[PDB]
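Just one chain follows, in the form solved without the partner chain, and it is written as structure tokens.
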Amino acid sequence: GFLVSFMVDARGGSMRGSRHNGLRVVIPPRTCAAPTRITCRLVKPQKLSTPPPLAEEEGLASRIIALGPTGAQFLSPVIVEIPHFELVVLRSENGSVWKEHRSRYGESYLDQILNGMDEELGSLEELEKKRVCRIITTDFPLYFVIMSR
């Protein structure tokens, strides 16, 4: 099931998914007060009871991302990079409603978010080229998914 599964604590850590094709979770130092097992698994939209409702011009650009523990709340933002097949990040807190995810910090504060971490994050153009989307979030909802429009 799980593409990513690792223990992390206040020192921070990260793990690349086992398919080694862009999926990656970065938990910077101090974002995580107590020891936590961080996970990620991908779900097929049909496994869902309420899939993302799309308008005519909208499609899914990724599989549905389930980050664990569901509902985790970090002390500062964490980074999740997701491969995709305009791109918007949708999230569903408990699986019933879907809304746009917007990082209220965003890409201009990436260095501050990383908090000294010895991790190399590539630019947005470098992510474009690799077809990878970077989600900056301070919590884990039941689902993320990348949507095109």
Second form
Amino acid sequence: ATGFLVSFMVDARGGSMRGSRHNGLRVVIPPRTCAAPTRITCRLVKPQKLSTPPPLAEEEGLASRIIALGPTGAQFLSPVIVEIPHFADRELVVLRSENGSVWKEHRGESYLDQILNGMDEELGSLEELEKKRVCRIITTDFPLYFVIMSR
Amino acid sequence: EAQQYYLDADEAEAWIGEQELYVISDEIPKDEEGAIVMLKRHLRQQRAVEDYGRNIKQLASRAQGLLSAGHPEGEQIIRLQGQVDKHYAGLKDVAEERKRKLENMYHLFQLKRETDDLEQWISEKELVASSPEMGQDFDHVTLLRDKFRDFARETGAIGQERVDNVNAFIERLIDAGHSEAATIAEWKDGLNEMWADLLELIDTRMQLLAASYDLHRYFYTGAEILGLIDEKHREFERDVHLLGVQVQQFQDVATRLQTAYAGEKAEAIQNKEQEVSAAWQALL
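Which structure goes with the form solved in complex with the partner chain, now that we have seen the form solved without the partner chain?
Following is the full complex, with the preceding chain placed first.
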């Protein structure tokens, strides 16, 4: 029942947390992935707030709000897992922006058992995620923004 | 006298028509100011209408006197009076509706302004809450930690009041019955959510800073202990057992703290623990 509104503390003992407002929204920081106690923030921002919203091609569309994970710039020692819920011919693509001005594409499977570093957490099958409509972003660092789009 | 009634009735009718089509207005205020002006003007106009009621009642009284006296045109006269009464009632409604509209637009402008100032204030408090600044030494972190505590408190106190006030206000509008109550409610929800987020952001920032304080407090304590071991070494039976207890505590702190860090930082913690232990053994 320990969920977060917008942030939570985590140290090298690792930790996993779900949005209390949004259960599907999940952050997993596996043991040994950050050097010290770190304050993780995860905020869902409306597109209308950016000065450079993700450029949109003809049949392209956003499938989630902008996702800001903090602190911006944070480097982890290995990768971290963030699961983002998204909304329902075309294809899911995660985009990220290091500083808010340029957007690029971001992109595991067998890595799962490894990157958890021994954590007793029951990650879903990629197929179960598709049914519930959640994206799994694996990253070793936080850019200013991540977003989910469909092309 | 009946002849006189007709003129009076025509006069009242014309006055009602004039107030309804030409004096009262449909204009829609663009802003709070505009609304206040329009409301102030409307209320005087409405006092005028209510005040005219005396004229109308008096006329009915005459139409009734002229009817009960058995005037030849008593049926004609009592009808005109019914028509006047009706038209007057129509004007009072139209005036009341207008009043209801202006109050709604006005109040809503106030609330919107007060909500906006508050949401902005919250947005500002959040930036202070997001600072990464961890502080270079123990005295610096002590400073940040103490400064942020004061900030968390001043913000909690002032903010909760302002939040409460906007909430009570929003509720009063809804309880009095407002045309925009569905929209006002979304505002309350949005505002209350931001507040909760701010209080959480404040809280994690505080936890971050407590942890940072602990790390610097440890290293500071290590330095003090080394000096205390050294002081005694250069130098009673009881003092050493006591310094010994202080050492045992430091040993416990080092292990607890270790679980939280990894790599370079965690080692620095272990190095300093052993350094202290080694120094301690030399003394014993």
